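> Here is what each chain is made of, one letter per residue.
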Amino acid sequence: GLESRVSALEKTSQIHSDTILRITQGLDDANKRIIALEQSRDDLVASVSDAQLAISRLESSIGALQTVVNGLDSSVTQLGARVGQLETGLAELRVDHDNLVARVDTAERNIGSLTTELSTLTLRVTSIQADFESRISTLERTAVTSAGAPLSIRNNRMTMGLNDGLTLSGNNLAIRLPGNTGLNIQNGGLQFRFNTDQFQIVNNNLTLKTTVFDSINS
Amino acid sequence: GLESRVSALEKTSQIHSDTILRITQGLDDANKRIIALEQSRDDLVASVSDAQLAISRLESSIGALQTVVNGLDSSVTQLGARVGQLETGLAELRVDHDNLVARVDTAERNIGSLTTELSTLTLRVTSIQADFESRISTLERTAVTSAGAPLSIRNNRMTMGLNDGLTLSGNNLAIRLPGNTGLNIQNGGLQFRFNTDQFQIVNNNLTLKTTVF
Amino acid sequence: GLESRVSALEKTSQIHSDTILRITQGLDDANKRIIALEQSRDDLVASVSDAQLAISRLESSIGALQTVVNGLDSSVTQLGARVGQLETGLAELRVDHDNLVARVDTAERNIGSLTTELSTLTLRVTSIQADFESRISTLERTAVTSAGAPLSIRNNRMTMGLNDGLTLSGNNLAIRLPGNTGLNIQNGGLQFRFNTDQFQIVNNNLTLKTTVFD
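Line by line, the protein sequences give chains A, B and C.
For the first sequence, the residue numbers in the working numbering are 1 to 218.
For the second sequence, the residue numbers in the working numbering are 1 to 213.
For the third sequence, the residue numbers in the working numbering are 1 to 214.
It should be emphasised that the hints constitute simulated quantities derived from the structure, not laboratory data.
Among the hints, erroneous ones may be present.
Said to hold, decoys possible - Covered stretches of chain C, going by a simulated chain B footprint (3 or more residues, C-beta under 8 Å):
hint, region
1, 14 to 27
2, 86 to 97
3, 133 to 144
4, 204 to 214
Quick reminder that beta carbons are idealized off the backbone N, C-alpha and C, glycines included.
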């Protein structure tokens, strides 16, 4: 009856008491685990906040590096064009210098050639001047350029003027003896001629012979 | 009395059972949600640790790359100075070459004139030598340089030496006949003169005239 | 007895009601804190995921930049080698040009000395030509190169041909009178001689003296 209803309550009350104590232990365990979770949350928020700032710094550093590198790339491209032209320019100036060196090599050979050719010609002029000076001089000292009477010169020709009594016989000067007056060229020269029965020569004087008048005296 | 007290206890006891069951249900659900949070927490810790390590590596590699980019920047600057010096040096040498070319241009033009003027002078010396050689030798072959007696040369003048018997009549050679000895220049030359009543000529001999009785 | 048991149950029933309410308050506190942790967890997942995505992007950028930088380093090295070859080349051309400048410096001095020597010789040749021309043509105009008889030239020597009657007394032209014929060179020239007791000269005529007949 009423004792049965009380006994049933006491039975349930003991179960309620045991279950309440178990729920309390479980709720205490859940609370501790929540605190540990809130601590982990705070640690994670701080680590993530630090990681986010570090990432932002890395993005600034990388972005600044990319621009510096981009600049370096253009400068290297400009220097590559400048070295390329410098190698072309130096190759051209070397070809131009070598072509000029060949021209100087030819000019040095032509200068040396003119030096000996002029030396030969200067020596030749000295040789001709000396030989001709000596030859002209010999002629000037020894050639006949004037003459005294009976000789005369007209246009490089010398002639001899002769008066009557002197003439040319063959190629020679001779004594002219016209007619017959007792003069003759004989016995190597000029001789006088006389009748040898009438005349004689005594002391180189014409003399009448001693016997001339013998026929008259007889 | 007790029936009402027990009845009240029974009513509260039934409410307690129902609330206890709902609380157990709630605690069970809270426990399941705590487990999921602990697992999520473990996964976050692992991923944050991995993120920190990766950041640390990015910091190291950016730093090393900055050092290399700094070294590259200085090299590009040093090369830029060297290139500009080479560009000036080549432009200076091209000017110095072009000026020396102009000096060779005149030298080549001066050699060409010297070669021409020497060639004309050589032909002139040959021309002068041949003309004078012929003229001198003609004079050396034909000119009178000596003479035999009665001719003599003194200071380029030729004279004729004359003995008594030969003289000048004007500028002509003549026979000298001093005084009157019967010799005379007449009838075109030398003749002997005699009295024509006392002498005659027979075979070019002076003869006494026959009519002298 | 039974009333003592009822009173024991009532006391326990009130303790149960009070603890149930405290557990209800505790469980409610737990649920609020769980909801907040779940939302914080969702935000952390989103923020960690954003950070992981940002990290992988930086890793790609660093990898790509390192590639470019190594290429640039390779490019600067080759350039530095070309620059060094250009420097040794320009220094070689400068030496070669300055050695040619010295060769042109001596060649110009040689050309100048050769212009002087050729100019001096040209004037000298003209002087020799003018002096010799005058002297030669003076000899050509005045020198004796031919002679009329009795003068004759043989090998630049002039002689005079003489017939009998003409000879030489030393270097002088003389009349030759062989033997004793009455002719003699006396009183400055040619005279005829005669016996002055038998002959006389009257009007330059040989005459017999009157005394010869007596």
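> Does each hint fit the structure? Answer for all of them.
Going down the list of hints, with the structure as the test:
Only residues whose beta carbon comes within less than 8 Å of a beta carbon in chain B count, and the region 14 to 27 of chain C has 6; three or more means the coverage holds. Chain B is given as covering the region 86 to 97 of chain C, and this holds because 6 residues of the stretch bring a CB closer than 8 Å to a CB of that chain, at least three being needed. A count of 5 residues in the region 133 to 144 of chain C with a Cβ less than 8 Å from any Cβ of chain B is obtained; the coverage claim is therefore met, three being the minimum. Figure legend: the region 204 to 214 of chain C, annotated as covered by chain B; annotation consistent (5 residues with Cβ-Cβ distances under 8 Å, at least 3 required).
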